[PDB]
Amino acid sequence: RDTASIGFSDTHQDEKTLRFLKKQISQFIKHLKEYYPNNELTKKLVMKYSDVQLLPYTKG
Amino acid sequence: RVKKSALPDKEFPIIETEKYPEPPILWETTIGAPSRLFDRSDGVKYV
Amino acid sequence: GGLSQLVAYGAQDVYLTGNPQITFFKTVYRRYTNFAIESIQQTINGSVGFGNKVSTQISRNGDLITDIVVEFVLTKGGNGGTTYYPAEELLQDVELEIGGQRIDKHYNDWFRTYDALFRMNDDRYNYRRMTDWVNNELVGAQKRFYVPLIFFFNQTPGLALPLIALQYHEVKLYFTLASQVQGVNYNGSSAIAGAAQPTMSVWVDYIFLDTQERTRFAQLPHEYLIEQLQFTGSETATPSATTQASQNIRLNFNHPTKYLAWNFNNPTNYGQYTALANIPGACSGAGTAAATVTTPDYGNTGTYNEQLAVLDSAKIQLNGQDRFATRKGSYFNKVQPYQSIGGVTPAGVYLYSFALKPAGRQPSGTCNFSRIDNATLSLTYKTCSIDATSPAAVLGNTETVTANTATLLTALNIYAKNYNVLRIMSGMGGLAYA
Amino acid sequence: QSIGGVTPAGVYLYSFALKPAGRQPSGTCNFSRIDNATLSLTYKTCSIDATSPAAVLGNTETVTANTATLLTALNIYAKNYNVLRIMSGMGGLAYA
Amino acid sequence: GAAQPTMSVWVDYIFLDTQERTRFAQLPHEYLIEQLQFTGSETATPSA
Amino acid sequence: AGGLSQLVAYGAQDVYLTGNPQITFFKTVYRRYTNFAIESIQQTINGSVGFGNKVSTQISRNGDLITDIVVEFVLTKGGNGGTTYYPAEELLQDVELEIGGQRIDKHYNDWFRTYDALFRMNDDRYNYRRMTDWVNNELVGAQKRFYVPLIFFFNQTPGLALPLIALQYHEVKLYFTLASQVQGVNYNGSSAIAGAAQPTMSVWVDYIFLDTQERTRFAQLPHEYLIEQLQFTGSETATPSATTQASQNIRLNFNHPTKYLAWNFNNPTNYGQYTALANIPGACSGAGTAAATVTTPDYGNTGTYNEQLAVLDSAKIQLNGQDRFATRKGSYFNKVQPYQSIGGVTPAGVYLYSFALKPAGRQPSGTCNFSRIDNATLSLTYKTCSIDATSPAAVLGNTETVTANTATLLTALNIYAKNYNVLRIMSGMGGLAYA
Numbered sequence: 006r007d008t009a010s011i012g013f014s015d016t017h018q019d020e021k022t023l024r025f026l027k028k029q030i031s032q033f034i035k036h037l038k039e040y041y042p043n044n045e046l047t048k049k050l051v052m053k054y055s056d057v058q059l060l061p062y063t064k065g
Numbered sequence: 099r100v101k102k103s104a105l106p107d108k109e110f111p112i113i114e115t116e117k118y119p120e121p122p123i124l125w126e127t128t129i130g131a132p133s134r135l136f137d138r139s140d141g142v143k144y145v
Numbered sequence: 003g004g005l006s007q008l009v010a011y012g013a014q015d016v017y018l019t020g021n022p023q024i025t026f027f028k029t030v031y032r033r034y035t036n037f038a039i040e041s042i043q044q045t046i047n048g049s050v051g052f053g054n055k056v057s058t059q060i061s062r063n064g065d066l067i068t069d070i071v072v073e074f075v076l077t078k079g080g081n082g083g084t085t086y087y088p089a090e091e092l093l094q095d096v097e098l099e100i101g102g103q104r105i106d107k108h109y110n111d112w113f114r115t116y117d118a119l120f121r122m123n124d125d126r127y128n129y130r131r132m133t134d135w136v137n138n139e140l141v142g143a144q145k146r147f148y149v150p151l152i153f154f155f156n157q158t159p160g161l162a163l164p165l166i167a168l169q170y171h172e173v174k175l176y177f178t179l180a181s182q183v184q185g186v187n188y189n190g191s192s193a194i195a196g197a198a199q200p201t202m203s204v205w206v207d208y209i210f211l212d213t214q215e216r217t218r219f220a221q222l223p224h225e226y227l228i229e230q231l232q233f234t235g236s237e238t239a240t241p242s243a244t245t246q247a248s249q250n251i252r253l254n255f256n257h258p259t260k261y262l263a264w265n266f267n268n269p270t271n272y273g274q275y276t277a278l279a280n281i282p283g284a285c286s287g288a289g290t291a292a293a294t295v296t297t298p299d300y301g302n303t304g305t306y307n308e309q310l311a312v313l314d315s316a317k318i319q320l321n322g323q324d325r326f327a328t329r330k331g332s333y334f335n336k337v338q339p340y341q342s343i344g345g346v347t348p349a350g351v352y353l354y355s356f357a358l359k360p361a362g363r364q365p366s367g368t369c370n371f372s373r374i375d376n377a378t379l380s381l382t383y384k385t386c387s388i389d390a391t392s393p394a395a396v397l398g399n400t401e402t403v404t405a406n407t408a409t410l411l412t413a414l415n416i417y418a419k420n421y422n423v424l425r426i427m428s429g430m431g432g433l434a435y436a
Numbered sequence: 341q342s343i344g345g346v347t348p349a350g351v352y353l354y355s356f357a358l359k360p361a362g363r364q365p366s367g368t369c370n371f372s373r374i375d376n377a378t379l380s381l382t383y384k385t386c387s388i389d390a391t392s393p394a395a396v397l398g399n400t401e402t403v404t405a406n407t408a409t410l411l412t413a414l415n416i417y418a419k420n421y422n423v424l425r426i427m428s429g430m431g432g433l434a435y436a
Numbered sequence: 196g197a198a199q200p201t202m203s204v205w206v207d208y209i210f211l212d213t214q215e216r217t218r219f220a221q222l223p224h225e226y227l228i229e230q231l232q233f234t235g236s237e238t239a240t241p242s243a
Numbered sequence: 002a003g004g005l006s007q008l009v010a011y012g013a014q015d016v017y018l019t020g021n022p023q024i025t026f027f028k029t030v031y032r033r034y035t036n037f038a039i040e041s042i043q044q045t046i047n048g049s050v051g052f053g054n055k056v057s058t059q060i061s062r063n064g065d066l067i068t069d070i071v072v073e074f075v076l077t078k079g080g081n082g083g084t085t086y087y088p089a090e091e092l093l094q095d096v097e098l099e100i101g102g103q104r105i106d107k108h109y110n111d112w113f114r115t116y117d118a119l120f121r122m123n124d125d126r127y128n129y130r131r132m133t134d135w136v137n138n139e140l141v142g143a144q145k146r147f148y149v150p151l152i153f154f155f156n157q158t159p160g161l162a163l164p165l166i167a168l169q170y171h172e173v174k175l176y177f178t179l180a181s182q183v184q185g186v187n188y189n190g191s192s193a194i195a196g197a198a199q200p201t202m203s204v205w206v207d208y209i210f211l212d213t214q215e216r217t218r219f220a221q222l223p224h225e226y227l228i229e230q231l232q233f234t235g236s237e238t239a240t241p242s243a244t245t246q247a248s249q250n251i252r253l254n255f256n257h258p259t260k261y262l263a264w265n266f267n268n269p270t271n272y273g274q275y276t277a278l279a280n281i282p283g284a285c286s287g288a289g290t291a292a293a294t295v296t297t298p299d300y301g302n303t304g305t306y307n308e309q310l311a312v313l314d315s316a317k318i319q320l321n322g323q324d325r326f327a328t329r330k331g332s333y334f335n336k337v338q339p340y341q342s343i344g345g346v347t348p349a350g351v352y353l354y355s356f357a358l359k360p361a362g363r364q365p366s367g368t369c370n371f372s373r374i375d376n377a378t379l380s381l382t383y384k385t386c387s388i389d390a391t392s393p394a395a396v397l398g399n400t401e402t403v404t405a406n407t408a409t410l411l412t413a414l415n416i417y418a419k420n421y422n423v424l425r426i427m428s429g430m431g432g433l434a435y436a
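Sequence order for the protein chains is c3, a8, k0, e4, k9 and h1. Using the entry's author numbering, you'd call the opening residue of the first sequence number 6 and step up by one each time. Using the entry's author numbering, you'd call the opening residue of the second sequence number 99 and step up by one each time. Using the entry's author numbering, you'd call the opening residue of the third sequence number 3 and step up by one each time. Using the entry's author numbering, you'd call the opening residue of the fourth sequence number 341 and step up by one each time. Using the entry's author numbering, you'd call the opening residue of the fifth sequence number 196 and step up by one each time. Using the entry's author numbering, you'd call the opening residue of the sixth sequence number 2 and step up by one each time.
Among these hints, one or two may not hold up.
In silico DMTMM-like pairs for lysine to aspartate or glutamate, Cα to Cα no more than 20 Å straight-line [to be verified]:
hint, chain 1, residue 1, chain 2, residue 2
1, c3, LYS53, c3, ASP19
2, k0, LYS317, k9, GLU225
3, e4, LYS359, k0, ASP15
4, c3, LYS48, k9, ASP207
5, c3, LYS27, k0, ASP375
6, k0, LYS317, c3, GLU45
These are computed hints drawn from the structure, not numbers from a lab.
Build out the structure end to end from the sequences listed, making use of the hints.
This is the structure in structure tokens:
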């Protein structure tokens, strides 16, 4: 076996609610931000990244 | 079609291709110190 | 002797006694502010009687208040076995208002649910002694009952309500008395001729602080982290003999919730959270020719025999996703309170905690439902195919079935206990969150 | 003295701890430093006729049922404290 | 007298050659996938 | 708990086993070896094969080295099961090994029987029996193909494979003498079995094919080998009396560093009979009942472990008139010597005396060089033949110093010696350095 990854179901799922939609709407426009995901799709994807923490643990 | 004796026979180099994202470690395990064996020396020359 | 153990010291003890930090043999107690507690009777406005709404304003006798007890003098309208926690049933609800704003509210069913989940052992027994007849009393017997309140300030001195710093705002309690109380003025649906009206009294424990503490409370703004009860009633999907009913109940809860609690019941019979059956204590006359599964043994209304409970299984879904894997009703009934409370919960009453210690005062993990768009309690019911009048069927049955009489448990009560902050500033009270 | 509950007949406890029912250590007997630990037990005389309530219930401190000789198994337990060391993705105990 | 079922689960695996297999292990991947949402409900009962 | 609980229990007394470790047990690296292949090639037998005939074969130059040699025979039963005893072994009366005309060695049917009795064991010995006899109760007329492996020094280990490759100018030959009679095949006791078939025969040699580098080395370099030779002296016994203990001093005309001596007493009429016969199960034809004849063996059960039927009471070996060891009982040679030196079980009537720590192996481990012993002599004391062989009680209940009255039939003694000589090969020729 020997799997060193987390696997605790908390890795990439943005488990917020529709409040996340309000948050992403709190970075681009006021009321109907639709033109921002329609045009800035790559910017809307660069605004969606996960946190990172690493821990090596070398050999003996 | 080539005679078997002139066909290659080496299996897919899977162990050279998987490229696990992180290197392997030394899987150390332990039961801890022999607590009844602490500060006990059986290697004594009779004097 | 003991000296032979002291000398048995090794490297391992470095994590127990090496480099010692504390001892156990010289306790140093804390000095504390000077205070005293006086029990004072309040004036009840309106008119006391069955079905009436009455109220009281808490007098400003002391500086802080904690315990509140509502006392009823009731009489037995029938013999032993005809009542079930009647003082608890009588106090249909209590609403706490400060300065015109609602802070909290408890219901007779909540008191029963609360007790079922959070009190235990002799505490629970003594509680029963203060709300019911427990020595096989006979018709005509008269008793004074004491119903303690369970508002946040009634649970710990730490949350004593600072009447002293609520100089501009009155603190009031509104009490709804039940139109009928089993074994007191009604027997099932039948009125009991000649039944007496209750005599009611409200007692409040007021803490008198000495001058320096008293002055400090009066001059400073304060914030108290308190709990509130949220509650709504729902219709129970009718369980059936032929199908397993299921129901998706949207939970209109908000704030950081410590736990959910719920029960199913027969609204006719206070405290009945389970089906009736012809097994000892499970129905009026159980065990004999006169047994009926249309009326409970009121004195033994609550049980532990899960076979008579309606719920098969349940889960909580948040924003479309499971919060935890589906577990059986007995998980919520027995394991949840084992894990988090340590008492024993009666059949038909369920708990799901979002907190490590929901029974305490210190927050220990909460579910903030104000950040959840859709919080749904998903229930699956057992099939009501067991003939309740036949012990062989009642007691020898399977995991997924229940009594035919479980279809009488048509009411569902869902509760949630949460945190909020009570602000007391410049003589006025109110809550931090809405 | 040490727990605060009720223990059924046939079950015995001897604590080295002030509060054995809790997590915080409060006095321990370190058997890793004891060359010879022994439990010494004396049994009751199994002379009481188990089928006769008069004998079962009216008897003396040092006797028991003749059916007590069926209790031929003995289970001795010891609950102790060790340290679970966890680091660099792996772990084990401080002491064997 | 009814018999109990015999069950087996079979998975059909794709074996990649060297270059493709290397890329799959090393590169990040994103798939647009489908999910089924489902709930059961009581049907209002129709009547004559 | 578990295996780590053993590893942790470490101290001063472990240093002598695991300190400054040299090896492991869990990483075997196999040696690279020269590539080779082995072929079974049938040789041509010159001369007529048949009972009593002498035939021969020259080993062909097909491979580079040779090891195993198997002589096949086909025999037909002249009687029913139980009437034969290792008949293929009995048929091959002798085998003579010669290189370039020099005799290297020579084995006898009795040697094969003694060799097997002493050195093969357990399932190996059984498998051997299966290749030389009928062991599944076959009946008269049954036909069977037997395989009799040769046991010359190069036929026992690859390590002594004979370098035909380096013998470019010398023929390597095997001469085989076939017995005039084989019990239960063409003769039954003293009578011939009319109609018995003549045996067929085939000699098979296992040839090793070497790679170029190894083949070249062998072809040009000189080689020196320690090889084995069998010395053998057959003689008349001091046949025991029914009244006393016969004794005998047998001059042993042996030479060379001897690994061991071995011997047996036998009834020359009945192949493999090293003991007396008696009316006890397996000890004679009809044994155990009224019809038993204690003068006719149960051929299929000729051998036995019942020392009561053996005739050696005691023995010692003298070197130049000096005792080599204290006199020991015949059972000491029969049971202990092979226990110690071989590890198998030796049948009654067969005796071993080793000069070597491990005589059953190739590696020399102590020898008696008889080339330096002017007067080597075997001193024997026989048991008294006073026991009535026809009375099971007389046999089974007797003492240490006595045997069967039928033990007086053990008129022949076969003394063998296995020794080491030096075989040298150079410039295409081979031979043995010492006479």
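Checking each numbered hint in turn, tell me which of them this model violates, lowest number first. 2, 4 and 6
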